[PDB]
Amino acid sequence: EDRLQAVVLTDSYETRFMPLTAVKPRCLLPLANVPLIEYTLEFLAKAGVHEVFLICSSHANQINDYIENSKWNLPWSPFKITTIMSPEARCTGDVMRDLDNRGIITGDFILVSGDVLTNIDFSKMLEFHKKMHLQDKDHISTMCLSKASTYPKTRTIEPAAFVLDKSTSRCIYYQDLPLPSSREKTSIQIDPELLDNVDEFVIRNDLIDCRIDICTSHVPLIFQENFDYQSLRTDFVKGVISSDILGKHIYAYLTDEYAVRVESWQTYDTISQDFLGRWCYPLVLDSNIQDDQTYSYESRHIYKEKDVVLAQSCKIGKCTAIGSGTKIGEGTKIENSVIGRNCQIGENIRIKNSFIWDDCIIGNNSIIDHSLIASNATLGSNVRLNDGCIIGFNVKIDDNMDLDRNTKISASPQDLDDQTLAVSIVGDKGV
Amino acid sequence: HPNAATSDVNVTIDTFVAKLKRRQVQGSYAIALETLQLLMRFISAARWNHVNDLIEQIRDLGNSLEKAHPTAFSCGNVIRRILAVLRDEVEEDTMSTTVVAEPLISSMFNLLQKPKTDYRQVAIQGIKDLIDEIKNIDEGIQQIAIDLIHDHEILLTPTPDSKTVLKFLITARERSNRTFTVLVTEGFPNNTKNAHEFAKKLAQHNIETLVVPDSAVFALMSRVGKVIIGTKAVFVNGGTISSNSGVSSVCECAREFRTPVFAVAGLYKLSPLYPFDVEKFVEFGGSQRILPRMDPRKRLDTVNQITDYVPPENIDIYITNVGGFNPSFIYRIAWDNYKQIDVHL
Amino acid sequence: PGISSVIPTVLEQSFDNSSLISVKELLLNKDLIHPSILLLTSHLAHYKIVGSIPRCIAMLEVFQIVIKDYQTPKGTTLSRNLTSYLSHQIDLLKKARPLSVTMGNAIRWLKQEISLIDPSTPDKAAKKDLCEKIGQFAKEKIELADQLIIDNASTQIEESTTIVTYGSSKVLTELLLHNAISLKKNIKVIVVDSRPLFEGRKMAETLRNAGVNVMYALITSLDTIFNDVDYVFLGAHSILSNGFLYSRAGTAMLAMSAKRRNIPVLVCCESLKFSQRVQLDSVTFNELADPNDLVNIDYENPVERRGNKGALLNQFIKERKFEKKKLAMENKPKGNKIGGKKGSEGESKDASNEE
Amino acid sequence: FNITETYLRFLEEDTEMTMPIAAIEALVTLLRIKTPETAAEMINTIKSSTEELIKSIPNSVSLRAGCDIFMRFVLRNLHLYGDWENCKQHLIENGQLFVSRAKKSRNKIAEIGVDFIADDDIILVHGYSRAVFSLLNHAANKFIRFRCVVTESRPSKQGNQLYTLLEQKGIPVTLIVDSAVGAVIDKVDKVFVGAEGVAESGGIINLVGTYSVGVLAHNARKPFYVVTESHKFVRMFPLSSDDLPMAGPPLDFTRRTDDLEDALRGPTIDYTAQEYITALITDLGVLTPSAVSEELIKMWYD
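Residue numbers (PDB author numbering), protein chains in the order written: chain I, 24 to 436, 455 to 472; chain C, 10 to 108, 113 to 128, 147 to 376; chain G, 237 to 257, 259 to 464, 466 to 593; chain A, 4 to 305.
Quick caveat, the hints were computed from the structure, so don't treat them as lab data.
You may find that some hints are simply not true.
Chain G stretches covered by chain C per the calculated footprint, using a threshold of three residues with CB under 8 angstroms from any CB of chain C [said to hold, decoys possible]:
# : segment
1 : 424-438
2 : 452-458
3 : 556-562
Keeping only pairs whose Cα atoms sit at most 30 angstroms apart, straight-line, the calculated BS3-like set for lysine-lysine is [unchecked claim]:
#  : chain 1 : residue 1 : chain 2 : residue 2
4  : G       : 305       : G       : 285
5  : G       : 579       : G       : 376
6  : I       : 338       : I       : 356
7  : C       : 329       : I       : 176
8  : G       : 439       : C       : 329
9  : I       : 350       : G       : 425
10 : G       : 439       : C       : 224
Ideal placement from N, C-alpha and C gives every residue a C-beta, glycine not left out.
Could you build the full structure based on these sequences and the hints that come with them?
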């Protein structure tokens with residue numbers, strides 16, 4: 024039961040985040056002023072991993088240097104990190120064949136695509152995986168699922184419909200739908216090969232994807248055998264079910280507690296608001312995992328680190344977090360918003376539902392509403408922003424600037458409006 | 010000082026750090042036991058030869074341990090306890106190496126008058160005595176406590192979580208001469224499961240069990256004889272941090288009805304730290320357990336807290352292994368076990 | 237005729253003042270009872286929304302339906318078997334759920350109206366005028382009077398204020414809805430809830446549907462939420479002769495804290511809500527309910543778990559008794575907003591003599 | 004013709020003829036000129052003049068209460084459907100009769116409310132009212148023994164004014180500061196307080212430190228008194244301890260200053276709850292708690 028090895032799929036969902044991932048990697052980005060990898064690594068440590076694998080190619084040098092600085096290069100760590108260097112931008116199937124050629128996989132291994140924060144104990148999962156593996160010989164991989172927010176009417180990027188067994192919890196079908204955003208398709212065709220073998224069919228769309236996998240030694244051999252499979256969910260799971268090898272089974276695990284994979288900006292925003300709230304009972308800012316963290320819980324869901332500087336007669340809101348070495352001026356309203364470490368803030372600034380990362384200076388008399396700011400970027404005076412307005416790295420927005428809804432700004436000095462240099466396309470400037 | 014020197018020799022530092030942060034370790038009694046075994050491993054394995062360099066290193070280790078987990082007061086106290094046991098034997102040792114030292118009593122006033148051996152063995156035995164003290168507290172409580180409660184008296188109890196208090200209650204019910212009715216507040220968001228196990232163990236022993244919702248506390252306070260607290264941590268001013276939910280209001284309800292308040296605790300549970308603000312010391316809960324569905328949770332900003340604080344204005348007795356003391360005296364019991372310097376680690 | 241005696245759970249050593257039993262699932266009854274009564278009794282037995290105020294409004298409307306459906310017999314006159322039939326209704330209502338004060342004042346009004354009209358006028362001409370009068374009576378004493386409470390509270394509450402509430406009172410829901418929409422203020426509304434009924438949950442849900450800044454909390458955690467709070471509104475059920483506030487569960491606890499922590503308690507009430515029965519403690523006459531509602535383990539009303547608790551009858555003394563209606567102490571509330579505008583609870587019975 | 008100007012003319016006058024009774028007399032004079040027969044032409048212009056009076060008010064409550072009683076009496080005149088001329092003549096005459104009633108009430112109270120001051124009792128008096136001082140003077144006229152303690156009230160240095168008016172009688176006194184007022188409640192038999200208004204609930208509308216007196220006395224179990232003339236009743240219900248009708252500041256916190264100019268600002272008028280009052284004395288008999296509300300219900304008929 025002991026000795027467990029894990030593989031992490033990084034360099035996987037890049038450019039899915041549109042304005043960012045230009046200079047620095049996908050997973051380096053902070054959720055709550057702390058990198059996304061750190062959450063995943065904490066999940067690995069709580070699960071009980073002895074050997075860690077990472078997949079880096081694009082911006083791989085910055086990843087390797089971050090692991091060098093990490094808390095896991097030090098000898099006392101329960102796991103050791105070894106990085107896989109591959110050709111630039113490839114599918115998951117191509118990496119699976121590369122790892123099988125190298126041959127390090129022993130018994131039961133772990134694969135996670137993207138970075139997932141969950142409070143769900145993994146010890147229960149391992150036991151039920153092992154209990155079901157002892158039931159029949161030809162059994163492959165395990166999938167995680169969690170209950171959605173009653174109706175997934177706001178969730179459009181993940182329209183995955185799952186058909187599941189009531190008795191054995193085996194997945195039957197996977198389907199994507201454009202439905203509410205693009206009213207074009209309605210039909211879903213299902214294979215009638217498994218009708219009387221299951222009997223208790225349960226069709227659900229009210230389940231959130233996790234893309235966390237417990238996998239057997241069979242998996243890398245199947246990937247090399249069938250090199251046509253590029254994906255791991257859309258084509259692969261469906262391919263396994265539809266009589267590729269007869270008598271082979273795959274798991275689907277239902278859990279009542281919170282487990283959401285990061286993929287899009289507006290999903291990231293909801294997860295962040297869930298973290299500011301007490302949705303993830305263990306995963307809270309006050310516990311401090313990065314060791315340098317010195318966050319303290321205050322009533323009405325207000326988070327403050329050590330060395331927080333604030334001007335007198337200033338009102339703070341609900342579900343807010345402020346980093347260390349941070350200065351704030353007078354007449355400021357901070358409501359449902361995260362501000363990073365070492366961030367200097369001017370005066371008369373109204374913030375609602377917005378986002379600011381580390382080391383950011385904001386000019387006086389500015390209103391920011393439901394809009395994101397990246398690290399080492401400065402805002403000028405008289406800046407008004409709307410919903411879903413993501414601002415890139417090192418972006419210096421000058422004095423007197425108004426931007427409407429969904430006005431994304433590039434992080435590299455290509456095709457979209459507004460760049461990195463002074464007066465960003467309000468008067469032609471930019472490389 | 011970092012854990013770079015203590016890594017290959019001492020591994021169990023980081024496993025306890027892991028047990029605190031993810032809350033794998035549970036109950037102050039257990040946290041204390043682990044830190045005892047940590048300090049057991051620290052003395053048995055290390056090589057020092059010097060004494061003052063050793064003590065200041067222990068101080069830094071304790072400082073890092075409390076910064077790793079703020080609600081682990083039992084962690085902080087146990088180290089502070091051994092620190093003082095060390096410091097007395099060093100001050101006794103320095104008097105023999107140099108060569113009235115007995116004015117009247119064992120006072121304070123460190124602002125007035127100025128100033147190879149088996150010391151390590153004493154340090155070893157000092158840990159052993161602490162364990163045995165934590166092992167047996169109930170014997171020291173029952174001789175003071177089961178003298179204060181009468182027949183036909185109704186007992187209301189917040190915090191059913193304490194193993195200490197339940198076992199105190201069972202020893203009194205063992206006495207066939209003593210009869211009492213037990214009211215138990217539920218403590219909905221956290222204590223519920225523990226409160227239900229509490230009600231089960233009272234029925235198991237055949238004691239008149241009464242389960243109370245947290246709303247109904249007022250609706251009974253006229254009929255209540257006494258109030259008992261299952262505290263986690265006791266402080267300088269007298270006040271307590273208790274094992275979660277629905278205590279503060281009950282104590283406020285008792286004081287308005289002038290109903291007596293009792294507290295059952297240990298000296299290791301007792302802390303030399305001062306609660307200047309409840310805002311920092313109290314730990315908050317998970318709102319997930321209250322309300323389902325996340326799209327309404329955008330607008331439903333729910334507030335829930337685990338640990339509950341009581342100000343000293345309410346409770347009257349702290350029955351320990353030593354005896355019963357008033358909140359206006361408990362500071363002296365603390366200073367009898369921990370030194371003034373051994374606070375700010 | 238009905239089912240009587242044989243009750244679930246123990247008789248209990250402490251607290252045995254009221255009936256703890259009753260018909261949930263319909264078996265063995267008289268075949269003459271009007272179905273709208275049978276619907277309301279099945280409603281009130283497992284109701285989640287109602288709390289004093291709405292119960293009477295429904296009771297009035299059901300009565301209005303009965304009179305509209307009432308056709309006078311050729312032999313027996315109007316005041317012959319009507320009052321017996323009404324007595325059968327109340328007895329069935331009593332079996333389902335103990336009545337409110339406002340219900341009693343309605344019955345007293347109806348019985349006065351039976352005596353007022355003599356059997357001499359034509360049948361269709363009589364009931365047409367009767368239901369019109371009841372409609373006007375319900376308009377005045379409830380709807381218009383409610384609007385009067387609204388505007389009385391409106392002057393009292395300051396601009397940009399924090400309010401903590403409790404229960405599922407119809408008057409306060411409309412109060413806060415009026416504040417959020419018509420007056421447009423910065424009203425932070427915090428709602429508290431108990432275990433037997435998620436009344437505040439429903440109130441908060443309706444406030445969320447309006448789009449209000451709502452915090453939702455529990456009795457266990459109060460010494461944290463208070464340390466913020468200004469005015470506290472309580473859902474009245476009945477104010478007695480002395481001026482004691484007979485109301486729902488987690489009411490007095492809140493009332494105590496508010497008196498202790500400076501900014502006090504306010505209560506909205508109706509002129510029909512006042513009684514002449516007096517008491518001083520919660521033990522006197524309590525609305526007891528079956529521990530079947532307390533079986534569930536947290537979260538929601540229907541969950542159905544294989545948990546820790548299950549047995550009550552076979553267990554050697556395990557009284558899991560909860561109460562519904564409690565008494566707040568006299569001095570603690572400060573304002574009462576009624577039909578006759580304003581008045582402190584110390585005054586109390588300046589409405590009963592005014593009639 | 005003006006009403007605010009008529010009220011401003013009372014400068015060196017005052018006393019016996021009280022501030023509200025002078026405002027009521029000013030209301031009657033304004034009424035009697037421009038024909039009181041028409042209820043449309045007059046009552047609306049009376050309401051506008053009261054509204055202009057409220058807008059000119061800086062720190063007074065009793066003028067708003069006195070208008071109400073006048074209005075009430077006017078409406079009650081023609082309640083019997085009497086001659087629209089004999090009822091008018093009775094309304095105009097009840098202006099000078101209203102001021103004459105302030106004399107008769109003071110004659111009543113000063114013989115009723117001397118009974119409360121027993122044989123040799125030390126009194127601590129706070130908040131100067133014409134009714135309480137009239138008790139104090141006509142008890143000295145009755146040749147009864149009583150000691151007096153002066154409270155240092157700070158609205159416009161009222162304590163010093165009170166002290167000088169006690170000197171003109173022949174009763175031994177000494178200055179006690181409102182800070183140290185807690186240190187006196189053991190040698191004081193009874194505490195007397197004169198009100199600026201009495202609440203619908205049963206509480207009190209008073210000066211710069213009266214609630215503080217009420218609470219301390221409740222702690223010391225020593226009696227707390229309210230003595231006034233029966234016209235200071237408003238349909239007012241201060242819900243909280245710090246909520247009152249104001250033209251000035253409701254606790255202001257000023258910025259950094261060096262010249263020292265913006266400082267003083269504190270609650271000049273404070274409320275106390277119904278529980279703190281042991282006894283109340285007016286010309287309408289001897290009555291304290293719910294009595295006030297009964298009066299108000301009796302007037303307003305609502």
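Hints versus structure:
no., hint, in the structure
1, 424-438, "holds (count 4)"
2, 452-458, "holds (count 7)"
3, 556-562, "holds (count 6)"
4, G:305 x G:285, "29 angstroms, holds"
5, G:579 x G:376, "17 angstroms, holds"
6, I:338 x I:356, "6 angstroms, holds"
7, C:329 x I:176, "15 angstroms, holds"
8, G:439 x C:329, "17 angstroms, holds"
9, I:350 x G:425, "28 angstroms, holds"
10, G:439 x C:224, "25 angstroms, holds"
The structure meets every hint from the earlier list without exception.
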